[PDB]
Amino acid sequence: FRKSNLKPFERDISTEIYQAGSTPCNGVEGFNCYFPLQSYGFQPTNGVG
Amino acid sequence: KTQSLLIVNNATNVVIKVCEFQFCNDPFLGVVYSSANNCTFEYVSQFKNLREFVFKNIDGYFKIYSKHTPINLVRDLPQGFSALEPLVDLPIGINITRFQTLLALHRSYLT
Ligand SMILES: *[C@@H]1O[C@H](CO)[C@@H](O[C@@H]2O[C@H](CO)[C@@H](O)[C@H](O)[C@H]2NC(C)=O)[C@H](O)[C@H]1NC(C)=O
Ligand SMILES: *[C@@H]1O[C@H](CO)[C@@H](O)[C@H](O)[C@H]1NC(C)=O
Ligand SMILES: *[C@@H]1O[C@H](CO)[C@@H](O)[C@H](O)[C@H]1NC(C)=O
Numbered sequence: 456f457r458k459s460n461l462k463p464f465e466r467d468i469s470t471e472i473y474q475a476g477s478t479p480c481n482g483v484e485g486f487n488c489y490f491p492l493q494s495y496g497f498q499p500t501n502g503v504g
Numbered sequence: 113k114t115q116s117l118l119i120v121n122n123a124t125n126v127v128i129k130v131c132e133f134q135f136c137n138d139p140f141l142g143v159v160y161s162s163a164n165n166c167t168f169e170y171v172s173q186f187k188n189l190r191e192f193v194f195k196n197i198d199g200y201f202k203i204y205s206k207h208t209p210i211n212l213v214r215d216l217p218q219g220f221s222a223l224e225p226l227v228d229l230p231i232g233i234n235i236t237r238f239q240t241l242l243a244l245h246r247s248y249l250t
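Protein chains in written order, with the deposited numbering: chain C, 456 to 504; chain A, 113 to 143, 159 to 173, 186 to 250.
If you're looking for bench data, these hints aren't it; they were derived computationally from the structure. C-beta: ideal position from N, C-alpha, C; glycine also. Warning: the hint list may mix true and false statements.
[As the list claims (entries may be wrong)] Listed below are the simulated PhoX-like cross-link pairs for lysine-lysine, each with C-alpha atoms no more than 25 Å apart in a straight line:
# : chain 1 : residue 1 : chain 2 : residue 2
1 : A       : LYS113    : A       : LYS195
2 : A       : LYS187    : C       : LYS462
3 : C       : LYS462    : A       : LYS195
4 : A       : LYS113    : C       : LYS458
5 : A       : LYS195    : A       : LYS206
6 : A       : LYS202    : C       : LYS462
7 : A       : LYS187    : A       : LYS206
[To be verified] Here are a few chain A residues that face chain C, going by a calculated C-beta distance under 8 Å:
#  : residue
8  : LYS113
9  : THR114
10 : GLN115
11 : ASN165
12 : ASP198
13 : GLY199
14 : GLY232
15 : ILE233
16 : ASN234
[Stated by the list, open to error] Quick list of the computed label-pair ranges, beta carbon to beta carbon:
#  : chain 1 : residue 1 : chain 2 : residue 2 : range
17 : C       : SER494    : A       : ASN137    : 31 to 41 Å
18 : A       : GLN218    : C       : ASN487    : 55 to 65 Å
19 : C       : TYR489    : A       : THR114    : 34 to 44 Å
Full structure from sequences and hints, please.
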């Protein structure tokens, strides 16, 4: 997740917590406040795709 | 919490770094300060004066133009014409909204 899109040829590295509503999660990963990174889970079991 | 850009100039060379520094409120260097975290780019190369610069931030590239001439005016900018030749073009890929200049002080007061 992110606030706005990316410009061409830029990169954004930031360990922040992105909240969805009015509640300001200051360093909290509680409700409506999540981690922006997510792994893939590449297994040799998975079909092409 | 985000990246930054740092171009300083000591007595011989120029060093440019795009690390993730945490900056103090009054940065300078005495007649010194730079952090180093997750540093993704580095580049080192080689009132009678006036030195002019133009900075642009276009498509993941940083553009710098430069020109210097000798002046003898009292205190203004001169009323002539001179054009600014290109200097360097750096692929930094960041977001820039503010900037701040550095000075070479004499009395170190990390305020
Ligand atoms: C580049 O950085 C600026 C400054 O952080 C971003 O501008 C912010 O954008 C959000 C969402 O639109 C606003 O809530 C903030 O108020 C803005 N800050 C300022 C100081 O104006 C800008 O979005 C960043 N560029 C990109 C492409 O994300
Ligand atoms: C400028 O600083 C660099 C380190 O940032 C250093 O290696 C270099 O020798 C300095 N240039 C001088 C002292 O002329
Ligand atoms: C900087 O690098 C270290 C080493 O992997 C990493 O733990 C840290 O999260 C990095 N900082 C970022 C990506 O902001």
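Hints and how they fare:
For the hint pairing A/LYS113 with A/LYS195, the CA-to-CA distance comes to about 23 Å; that is within 25 Å, so the pair holds. Distance check on the hinted pair: A/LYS187 and C/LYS462 sit about 42 Å apart at the alpha-carbon level, beyond 25 Å; violated. Only pairs whose Cα atoms come within 25 Å are accepted, and C/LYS462 paired with A/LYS195 is accepted, the gap being roughly 15 Å. Between the alpha carbons of A/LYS113 and C/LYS458 the distance comes to roughly 16 Å, so the proposed pair stays at or under 25 Å and holds.
Using a Cα cut-off of 25 Å, the hinted pair A/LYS195 and A/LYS206 holds, with the two alpha carbons roughly 16 Å apart. A hinted pair counts as satisfied when its Cα atoms are at most 25 Å apart, and A/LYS202 with C/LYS462 qualifies at roughly 17 Å. Annotation: proposed proximity of A/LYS187 to A/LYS206 holds, straight-line Cα distance about 14 Å (limit 25 Å). Look at A/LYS113: its Cβ gets to within about 6 Å of chain C, closer than 8 Å, so that hint holds up.
Using the Cβ-Cβ criterion of 8 Å, the hint placing A/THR114 at the interface with chain C is satisfied: the shortest such distance is roughly 6 Å. Residue-level restraint check for A/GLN115 holds (minimum Cβ-Cβ distance to chain C is 7 Å; threshold 8 Å). Look at A/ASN165: its Cβ gets to within about 7 Å of chain C, closer than 8 Å, so that hint holds up. Interface restraint check for A/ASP198: the shortest CB-CB distance to chain C comes to about 5 Å, inside 8 Å, so the restraint holds.
Because the closest C-beta pair between A/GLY199 and chain C is about 3 Å apart, less than 8 Å, the hint holds. Hint status for A/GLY232 relative to chain C: holds, with the closest Cβ pair at about 5 Å, below 8 Å. Hint status for A/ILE233 relative to chain C: holds, with the closest Cβ pair at about 7 Å, below 8 Å. Interface restraint check: A/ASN234 against chain C, minimum CB-CB distance 7 Å, threshold 8 Å, status holds.
Range check, C/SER494 to A/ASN137: Cβ separation about 38 Å, and the 31 to 41 Å hint holds. For A/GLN218 paired with C/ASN487, a C-beta distance near 60 Å keeps the hint of 55 to 65 Å intact. With their beta carbons about 19 Å apart, C/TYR489 and A/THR114 fall outside the hinted range of 34 to 44 Å.
Of the numbered hints listed earlier, those contradicted by the structure are 2 and 19.
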